[PDB]
Amino acid sequence: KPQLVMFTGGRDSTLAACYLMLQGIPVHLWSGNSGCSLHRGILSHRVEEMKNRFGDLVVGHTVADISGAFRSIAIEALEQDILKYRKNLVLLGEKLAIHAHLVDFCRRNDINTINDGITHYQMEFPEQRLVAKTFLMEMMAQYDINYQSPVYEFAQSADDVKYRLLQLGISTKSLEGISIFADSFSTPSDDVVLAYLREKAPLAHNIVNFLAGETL
Amino acid sequence: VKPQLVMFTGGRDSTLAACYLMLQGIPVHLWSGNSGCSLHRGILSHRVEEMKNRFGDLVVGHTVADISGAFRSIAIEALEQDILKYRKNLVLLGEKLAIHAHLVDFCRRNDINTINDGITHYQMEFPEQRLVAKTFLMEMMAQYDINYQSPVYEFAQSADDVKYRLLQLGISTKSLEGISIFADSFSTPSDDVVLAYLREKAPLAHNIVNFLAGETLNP
Amino acid sequence: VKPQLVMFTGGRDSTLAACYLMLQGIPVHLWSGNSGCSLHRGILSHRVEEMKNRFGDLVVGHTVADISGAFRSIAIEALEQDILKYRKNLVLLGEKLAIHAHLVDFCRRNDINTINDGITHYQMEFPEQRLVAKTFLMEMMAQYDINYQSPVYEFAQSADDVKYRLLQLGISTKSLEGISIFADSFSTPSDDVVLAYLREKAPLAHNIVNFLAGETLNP
Amino acid sequence: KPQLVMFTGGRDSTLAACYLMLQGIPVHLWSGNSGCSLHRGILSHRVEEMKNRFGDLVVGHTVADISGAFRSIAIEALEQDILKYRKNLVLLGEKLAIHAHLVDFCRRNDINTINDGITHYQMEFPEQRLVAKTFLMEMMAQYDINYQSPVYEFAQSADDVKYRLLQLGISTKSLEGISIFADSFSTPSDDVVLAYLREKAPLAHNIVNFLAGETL
Amino acid sequence: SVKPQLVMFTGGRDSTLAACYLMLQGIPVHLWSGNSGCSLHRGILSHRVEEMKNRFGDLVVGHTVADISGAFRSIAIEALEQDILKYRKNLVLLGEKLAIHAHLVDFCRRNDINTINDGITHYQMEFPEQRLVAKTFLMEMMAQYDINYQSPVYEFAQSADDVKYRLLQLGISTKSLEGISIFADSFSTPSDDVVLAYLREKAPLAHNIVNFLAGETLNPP
Amino acid sequence: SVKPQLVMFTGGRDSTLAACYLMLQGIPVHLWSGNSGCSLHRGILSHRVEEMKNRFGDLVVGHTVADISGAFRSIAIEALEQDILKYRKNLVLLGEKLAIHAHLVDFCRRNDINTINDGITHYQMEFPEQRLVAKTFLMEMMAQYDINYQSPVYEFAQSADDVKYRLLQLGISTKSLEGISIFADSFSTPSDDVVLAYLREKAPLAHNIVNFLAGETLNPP
Amino acid sequence: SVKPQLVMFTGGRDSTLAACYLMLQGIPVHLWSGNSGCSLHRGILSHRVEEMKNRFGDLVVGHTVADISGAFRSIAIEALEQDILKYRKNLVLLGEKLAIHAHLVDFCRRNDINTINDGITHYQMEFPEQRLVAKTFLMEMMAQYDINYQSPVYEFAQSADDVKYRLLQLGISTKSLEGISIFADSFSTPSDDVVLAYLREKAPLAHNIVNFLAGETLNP
Ligand SMILES: Nc1ncnc2c1ncn2[C@@H]1O[C@H](COP(=O)(O)OP(=O)(O)OP(=O)(O)O)[C@@H](O)[C@H]1O
Ligand SMILES: Nc1ncnc2c1ncn2[C@@H]1O[C@H](COP(=O)(O)OP(=O)(O)OP(=O)(O)O)[C@@H](O)[C@H]1O
Ligand SMILES: Nc1ncnc2c1ncn2[C@@H]1O[C@H](COP(=O)(O)OP(=O)(O)OP(=O)(O)O)[C@@H](O)[C@H]1O
Ligand SMILES: Nc1ncnc2c1ncn2[C@@H]1O[C@H](COP(=O)(O)OP(=O)(O)OP(=O)(O)O)[C@@H](O)[C@H]1O
Ligand SMILES: Nc1ncnc2c1ncn2[C@@H]1O[C@H](COP(=O)(O)OP(=O)(O)OP(=O)(O)O)[C@@H](O)[C@H]1O
Ligand SMILES: Nc1ncnc2c1ncn2[C@@H]1O[C@H](COP(=O)(O)OP(=O)(O)OP(=O)(O)O)[C@@H](O)[C@H]1O
Ligand SMILES: Nc1ncnc2c1ncn2[C@@H]1O[C@H](COP(=O)(O)OP(=O)(O)OP(=O)(O)O)[C@@H](O)[C@H]1O
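Residue numbers (the authors' numbering), protein chains in the order written: chain B, 8 to 223; chain J, 7 to 225; chain J', 7 to 225; chain B', 8 to 223; chain I, 6 to 226; chain I', 6 to 226; chain E, 6 to 225. A prime marks a further copy of an entry chain.
A couple of the hints might just be wrong.
Okay, the calculated bits of chain E under chain B, using three or more residues with CB under 8 angstroms as the criterion [what the hints assert, rightly or not]:
no.: 1; region: 23 to 33
no.: 2; region: 171 to 181
Label-pair restraints from in silico Cβ distances [what the hints assert, rightly or not]:
no.: 3; chain 1: B; residue 1: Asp63; chain 2: J; residue 2: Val66; range: 16 to 24 angstroms
no.: 4; chain 1: B'; residue 1: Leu137; chain 2: J; residue 2: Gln149; range: 57 to 65 angstroms
no.: 5; chain 1: I'; residue 1: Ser6; chain 2: E; residue 2: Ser196; range: 34 to 42 angstroms
no.: 6; chain 1: J; residue 1: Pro209; chain 2: B'; residue 2: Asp166; range: 33 to 41 angstroms
no.: 7; chain 1: B; residue 1: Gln129; chain 2: J; residue 2: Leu137; range: 47 to 55 angstroms
FYI, nobody ran anything at the bench for these hints, they're computed from the structure. Every residue, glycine too, gets a C-beta built ideally from N, C-alpha and C.
Kindly produce the complete structure, drawing on both the sequences and the hints.
Structure representation (structure tokens):
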């Protein structure tokens with residue numbers, strides 16, 4: 008019954024968690040700390056709001072250190088990555104790293120649905136494009152994991168997410184940390200997003216294998 | 007005996023409705039909707055204590071529900087348009103619709119199928135207390151198999167009637183409620199206008215019911 | 007160095023205004039007006055703690071003032087009439103007038119004669135942030151020998167400008183404020199209409215100043 | 008500097024206290040318990056509201072047992088009083104009793120101004136009429152005491168008092184006990200109000216003398 | 006072990022002796038005290054209650070202090086002008102007894118009690134509440150709800166000294182340790198005819214209150 | 006008793022020895038640690054600090070841990086795409102040092118300190134931050150604000166073993182007990198010319214931040 | 006579930022990763038640390054241990070710190086002048102490993118453990134104890150007592166950066182959080198032949214100590 012939600016504290020992943028819980032689906036909130044987030048403290052205010060409105064349906068909050076996988080995939084070869092694609096795709100790497108950790112986490116805790124707060128209105132960002140959602144859906148499916156985005160189609164604008172949150176008696180603010188990498192990049196082409204993901208998939212599967220104790 | 011809900015503000019009329027039900031041995035879940043624009047509501051919980059004191063276990067509980075979101079959606083978000091159109095400030099009618107939306111969800115999630123309020127004959131000047139609105143919101147709740155009753159409507163010919171019955175229960179005669187900032191911010195609308203507004207906003211309210219039940223995200 | 011007041015919501019613009027003053031060694035009394043219709047304001051005090059952490063004694067204090075009464079008097083009591091007349095929902099302009107009334111009384115009672123806000127060029131779409139209203143309320147406060155300054159008005163060409171300066175102070179970039187339920191409940195009024203409204207309500211506001219000073223009870 | 012306010016917790020005496028404190032005049036709040044008030048507990052909520060908004064300007068709250076003077080003046084000879092005036096004027100008696108106690112209290116605590124919340128809009132009630140205010144002003148003046156009603160002229164309706172209270176961030180409700188004698192009477196003529204006061208003045212001056220240790 | 010009965014208990018010598026005499030017989034008592042809203046200096050009651058738990062233990066099954074100010078006002082105070090102009094007498098303290106009896110009907114029904122006892126005394130028949138015309142009226146009233154209203158010290162107490170010395174033999178104080186009504190000494194002696202006409206004029210309001218307290222109606226008499 | 010100086014202190018062996026050598030001379034030190042927002046596993050720092058209070062007592066006058074994430078981002082991260090495309094090298098950790106120096110100008114001015122010291126070492130000149138072209142540039146920068154920037158172990162530390170064994174003679178651990186930048190091992194060796202062009206391109210932004218922190222302007226560079 | 010194995014654990018990156026990789030496979034580990042009496046600044050070990058209990062839970066079945074100063078002195082120090090004059094090389098740190106292995110035989114027998122693991126790495130070597138000739142000698146020694154001696158990260162560690170970054174992926178610190186020996190950096194590279202003659206000269210002492218620890222003899 009319980010499913011995982013990739014939960015940052017921001018409005019989009021909050022609404023995704025909340026909508027699932029409204030349906031009677033318990034959620035394990037999963038927060039990945041990639042090592043470069045500033046002022047993350049406000050997250051726990053958001054978590055309290057949700058335990059207050061949904062009770063037992065919030066089954067868990069995990070904060071996971073994913074700095075090592077993030078660094079391996081996105082930072083270690085930054086000079087090469089940027090010279091090649093002429094774009095700073097660290098935050099796309101970060102999502103790959105998340106997904107790698109979630110494979111291990113799901114296997115080790117008997118979870119086979121994962122959910123995030125990707126939104127149609129934020130397609131400007133690499134990690135939130137159909138080409139990357141499709142790539143990662145396929146990736147997770149290879150390990151029998153269902154990857155859903157329960158607010159993707161509904162969220163045509165930020166105002167859409169804001170007002171439903173408000174109807175749940177939850178705050179409209181994004182109560183998350185910010186990446187230091189925020190606003191450190193221009194928009195990449197779809198083709199480049201997908202070539203990057205495919206360039207880093209080997210590293211990511213490798214890390215999955217490592218975390219499972221299978222290899223290297 | 008199966009608990010019923012009382013829409014409870016702390017004022018004398020909803021207090022007496024709760025109390026009369028409990029005198030009959032019917033347990034009550036007191037339900038208070040906070041629409042986000044109430045001033046000085048602290049005194050509510052004094053009233054609740056008086057009632058646990060007088061009736062014990064028959065007060066199964068008190069829920070204070072944040073309905074600011076639905077209230078804003080229905081009554082405030084389009085306030086300019088709403089007022090320019092109907093030439094009357096119907097926010098407090100909207101707020102009742104918002105309450106009703108939340109009560110559908112609340113009743114379904116806590117297995118409650120009778121709701122009661124403190125509507126009174128002596129206060130029919132206000133839209134939420136007029137037959138046309140009461141009948142509308144009564145049909146609305148019937149559509150979800152919820153019975154909406156007004157146990158002190160007929161009896162309360164004046165405020166003094168409610169006051170002195172409360173006094174016979176050893177409870178205070180004062181209205182111990184917060185006040186809407188929107189109180190007395192409006193002139194009297196026609197019945198026809200009350201009903202056109204309710205009908206204009208019903209879609210939004212049913213939609214919110216569906217959202218709260220987790221059946222949709224869309225409008 | 008003589009303390010000044012900052013009209014402080016918790017949002018990035020008023021935060022940066024406070025912070026810039028304190029960087030200069032000017033102590034600030036943070037002043038927050040609660041008009042009674044704000045949702046989810048708890049996060050304000052997180053922002054205040056960040057600021058005491060970063061600047062210490064230069065934060066002489068934080069006042070959270072209930073201005074629901076003046077707000078209702080000026081903006082809500084006659085909402086039907088106000089909207090039908092000007093064909094625009096100017097409650098949030100009223101709320102600023104209410105703030106200004108209270109600040110006159112507060113400044114006089116705490117020996118403060120400079121007030122500062124976080125008005126920003128990038129947000130002039132909203133009435134309270136337009137030259138015509140700022141100039142009006144600036145004259146208003148001058149009539150009581152109070153200097154009303156906007157220390158980040160010129161600098162803030164975009165939100166990103168304010169965000170990154172805050173970040174350089176080790177403070178969060180988020181707007182950690184409650185939201186008015188009246189936010190985004192209105193279309194854009196003409197300057198002429200903004201000014202006619204302010205002028206229509208000035209009597210009420212000066213009257214309230216006089217009441218708060220204990221000089222009259224009458225209107 | 009400090010003056011006394013006859014304070015019940017209701018809107019009228021609250022506003023009177025508050026208006027005086029806005030002027031920088033400290034107030035000693037004085038509450039007379041005449042022995043027949045129901046559900047008086049809510050008074051202390053009102054007192055807290057005022058200490059919160061005005062601080063040191065609230066110099067005192069005295070709750071005084073005036074049941075004995077009340078009984079002596081208003082109740083002891085109720086059968087005669089009612090047969091004579093064909094009106095139940097207990098609550099007028101009660102005010103006389105208050106004033107008697109206040110003479111003693113003022114003398115013993117160096118206070119020479121007293122204030123109440125009498126209002127123009129409530130002239131239907133005996134104790135709140137010019138004929139009784141004038142009678143009691145004269146009575147208090149005989150002991151060098153100034154009796155003022157700072158909200159009398161301003162309060163043309165209840166809405167007038169309500170909205171100024173609200174501008175002070177105080178509640179609009181009357182947070183007082185009710186006399187059991189509430190609504191137990193019809194309206195008396197001015198002539199009857201004044202004849203009653205004059206019939207009971209001897210008893211009241213006598214009680215003043217008793218409280219001062221001068222007599223009987 | 007016998008079925009508990011209720012005693013209308015003020016703390017005074019008369020209701021104290023009535024309670025005590027019942028407990029001497031092995032009848033447990035639920036002490037019931039009506040606060041009608043106008044009582045001064047009632048704190049001394051609990052000293053008397055302690056004396057009684059000390060002397061009789063578990064036979065004292067309960068002390069209930071009931072706020073009956075609302076029914077009192079309704080019956081006795083609300084229409085005081087009219088009541089006094091009509092009967093030329095101040096019968097509030099008679100009203101107060103009617104109010105008590107109304108509450109006792111509800112209380113008895115809700116706590117499975119069918120005998121009530123008071124400390125009415127022959128020597129105090131000058132007071133309206135303790136006259137046979139009133140006692141008889143209230144016995145009838147309570148009987149209509151299958152309640153037995155007894156006055157176990159009425160016949161015995163020819164003078165105050167009679168009650169005092171029996172109390173003293175139980176190691177209990179002879180004093181009346183009760184609050185005083187503010188209405189004490191506020192009334193002259195009424196005729197029997199007037200006592201009964203008043204009770205009859207107020208019976209509708211009393212039955213009505215009984216019905217309200219039982220949750221049977223909200224409409225007024 | 007001598008005027009306290011500041012040491013840029015990470016917990017590693019080099020900045021530890023620089024602090025220690027100053028304190029051996031009777032110079033008190035204010036340890037200053039910049040948290041640039043991207044450091045992993047920094048908890049072990051405070052073990053090193055305790056070793057140093059243990060060994061030198063009151064000469065350790067302070068430890069300040071400063072959040073410099075904002076200036077770091079502004080200088081090094083905000084324009085990372087452009088920066089890397091231009092210099093064909095990842096110079097974030099050089100930016101980070103500029104950011105530190107900007108904050109130290111403000112900190113020195115606000116705490117009456119006019120000597121700053123670091124643990125730059127000859128053996129680590131492969132890193133941009135520890136090259137003479139950068140050291141010289143920053144000495145000039147700090148001198149413009151009457152601040153003396155010294156590197157008291159630069160000349161001595163020909164190898165890591167040199168620093169290790171001196172530490173050991175003070176009864177202090179030889180290990181680097183610092184957090185690691187996530188940017189560790191994320192960069193190849195840049196030319197001196199490129200190091201200096203970067204510092205010169207970012208100097209405007211650094212002086213601008215100094216001015217902001219001093220409360221002199223809010224306008225951007 | 007799976008049968009616990011022992012890891013020779015110093016707190017350094019290589020033995021930490023060896024422990025961790027075993028636990029990733031679901032194999033519980035008993036961490037075993039030998040204190041030979043001449044280690045400086047070893048306090049930081051217990052920080053590393055806490056990181057691992059945090060990351061793997063019950064899979065960390067114990068940490069044993071054994072005082073092996075007695076056996077160390079017996080084998081490596083007592084006859085230091087003779088040993089050095091003879092082999093013209095300071096092989097104390099080789100002796101130290103022999104002493105470790107002696108204690109591990111006794112420990113394994115007394116706690117029902119039959120696999121021991123270390124953090125030897127292909128990239129490092131250079132050091133006598135990590136040389137094939139000594140590794141093979143000690144594998145033979147422990148085989149004589151039915152003990153399996155494995156090196157689970159020998160191949161898999163490609164460089165030091167490779168061990169660092171795997172540790173980082175587990176949310177563990179990259180640092181070597183171990184003490185240093187005072188005998189560090191105090192030796193001239195010895196020949197293979199000399200390493201093996203020393204081991205063979207000291208094996209009698211080591212087997213003797215095993216027997217003593219088992220309570221089988223007092224004599225030499
Ligand atoms: N650090 C993280 N840990 C867990 N899940 C994350 C993390 N970062 C992003 N996600 C998931 O991926 C989605 C992509 O969000 P992104 O980082 O683009 O910011 P966003 O769209 O503003 O999301 P949100 O409002 O939920 O923070 C999030 O909605 C969340 O479900
Ligand atoms: N915010 C609310 N929460 C819960 N119930 C409410 C609320 N507002 C109104 N109601 C219900 O609707 C009834 C009618 O309310 P209305 O404001 O029209 O009259 P009222 O005299 O103020 O009621 P009351 O005496 O109960 O305060 C109330 O008695 C109550 O049962
Ligand atoms: N309720 C209030 N209390 C105190 N000051 C206020 C309040 N509302 C507005 N102000 C002042 O007026 C300024 C302009 O407010 P406005 O709502 O127009 O913009 P804003 O972007 O929301 O401001 P902020 O970023 O400070 O929240 C604020 O920055 C603040 O200085
Ligand atoms: N028990 C009392 N103790 C002290 N002052 C009293 C008392 N009762 C009345 N007063 C004073 O006399 C005035 C007459 O008030 P009254 O009893 O007629 O009720 P009211 O007009 O509703 O007043 P309020 O709202 O202040 O209770 C009060 O405003 C107060 O100043
Ligand atoms: N408030 C009350 N609560 C309970 N019982 C009461 C109350 N008032 C009167 N009674 C009962 O009715 C009787 C009436 O007594 P009454 O008031 O005439 O004075 P009393 O005879 O002096 O009282 P007491 O019994 O205390 O000596 C009491 O003896 C008691 O049994
Ligand atoms: N975050 C920081 N806070 C304070 N000082 C710092 C910081 N980063 C570097 N420094 C200073 O600048 C020098 C640069 O050192 P670098 O980053 O090249 O690594 P390192 O030489 O291994 O560091 P360490 O001195 O810790 O051994 C440090 O020795 C220290 O004096
Ligand atoms: N005293 C000891 N106690 C326990 N195990 C030890 C001890 N000395 C060595 N080992 C084990 O045998 C290996 C021998 O390698 P050595 O300690 O000489 O260098 P290293 O590989 O750098 O050490 P580390 O694994 O601690 O980083 C260690 O890695 C560890 O697995």
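_Please list, smallest to largest, the hint numbers that this structure does not respect._
5
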